[PDB]
Structures are given as structure tokens and as C-alpha cells.
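Below you'll find only one chain, the form deposited without the ligand, shown as C-alpha cells.
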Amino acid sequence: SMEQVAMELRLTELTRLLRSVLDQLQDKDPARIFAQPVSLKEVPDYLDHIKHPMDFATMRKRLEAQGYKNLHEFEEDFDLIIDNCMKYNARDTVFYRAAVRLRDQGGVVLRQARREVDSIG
């Protein structure tokens, strides 16, 4: 149908907007601490601590498969990256501190993406 196509045109434009948002969030992590999944060979106990691992590359594969239906689902994954890190790592570590900085600097990008998604549908 012509309906399914226009919904596919919208999802595709949402995917284009989330791609740009994702590139902007990732620029706030120049150390690439959150780039890749936490290694299970190097942190074998990780899954005893953290039940839903997340990282930028895993968000990227979901993105290019048009796996995010809305901005909220995308925000949930970003929050997991941050919240996982702040639980596993203690306050006086480079990892925890990197999360806090990504959270505060990401807020601005997420604040405007919410207005743009509403605004253009």
C-alpha cells in the first residue's frame, strides 16, 4: 500500500535524524570509552553486575536496521550506556567521570532532538 510507503518514508527520515544525533553524542566521548561493548574475555563477571549492556556500536547496528521506532527507545539505550557505567565503576574513576560528562553534554543534543522530532513529526 501507499500508506506503508509513507510510514517507511517517515521511519527512514527518523533514522536519518537519529544517525546525526548519534554522531553528536559520540563526539562527546573522545576517549571512546563507550564505543564498543565491555569485553567478556577481559571482564568475565560483567553480566553478574549488568543485565543489559549497551554501547555506541550496538546502538549503531540497531540504528542502521531501522530498529528504533521513536526517540524514547533511542534515549533508553543511551541512558543504559551511562547508568551501567555509573553502577559498575566507582565515583573516583575515569570511567564514572566520563559518563557524567557524556550525560551533561548529551542533555543539550537530546533536548533539541525532542523539539525537532515533535516539530517535523
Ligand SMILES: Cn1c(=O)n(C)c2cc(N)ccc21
Given for the second form:
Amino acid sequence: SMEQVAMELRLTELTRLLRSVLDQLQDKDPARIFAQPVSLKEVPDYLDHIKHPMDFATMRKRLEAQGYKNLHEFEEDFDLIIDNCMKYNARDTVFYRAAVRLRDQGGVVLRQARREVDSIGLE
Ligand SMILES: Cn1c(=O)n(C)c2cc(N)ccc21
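Could the form solved in complex with the ligand be shown next, to go alongside the form deposited without the ligand?
Full complex below, order starting with the chain above.
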């Protein structure tokens, strides 16, 4: 149907916008601390601590499968990256502080993205 095609076009343009957001968020992590899943070989007890691991590569895989239906779903995953890190790592670590900085800088990007999704009407 034309309606299904129209909805698929909406999802595709949402995906385009979220790809830009993801690229902007990742630019705020030049250390690439959050680029890949935390290695279960290098951190064997990680899953005892963190029940839902997340990272930018995993997000990007979901993104390209058009697996984010709305911005809230995308934001949930971004929050997991930050929140997991601030639980597993202590306050005085380069890891924790990198999450804080990514959170603070990412908030600007997500604030305008919310307005754009609402304005253009993508969900
Ligand atoms: C974000 N993040 C963590 O929380 N841990 C424990 C990590 C370990 C490595 N090796 C790389 C990134 C990491």
C-alpha cells in the first residue's frame, strides 16, 4: 500500500537523522572509550555487573537495520552507554569521567534532535 511506503519513507528519514546524531555523539568520544563492546575477555566479570551492555558499534548496527522506531529508543541506548560506565567504574577513573563528559556534551545534540524530530514529524 501507499501508506506502508509512506511510513517506510518516514522511518528512513528518521534513520538518516539518527545517523547524523550518532556521528555527532561519537565525535564527543575521541578517546573511543565507547566505540566497541566492553571486552568480556579483558573484563570477564562485566556481565555480573552490567545486565544490558551497550556501545556505539552496537547502536550503529541497530541503526542501519532501521531498528530505532523513534528518538526515545535511540536515547535509551545512548543512556545505557553512559549509565553502565558510571556504575562499573569508580568516580575517580578516566572511564567514569569520560562518560560524564559524553553525557554533558551529548545533551546539547539530543536537545535539538528532539526539536527536529518533532518539527519535521518523523515519529
Ligand atoms: C567503557 N569501558 C568500561 O566501562 N570498561 C570497563 C572498559 C574497558 C575497556 N578496555 C574499554 C572500555 C571500557
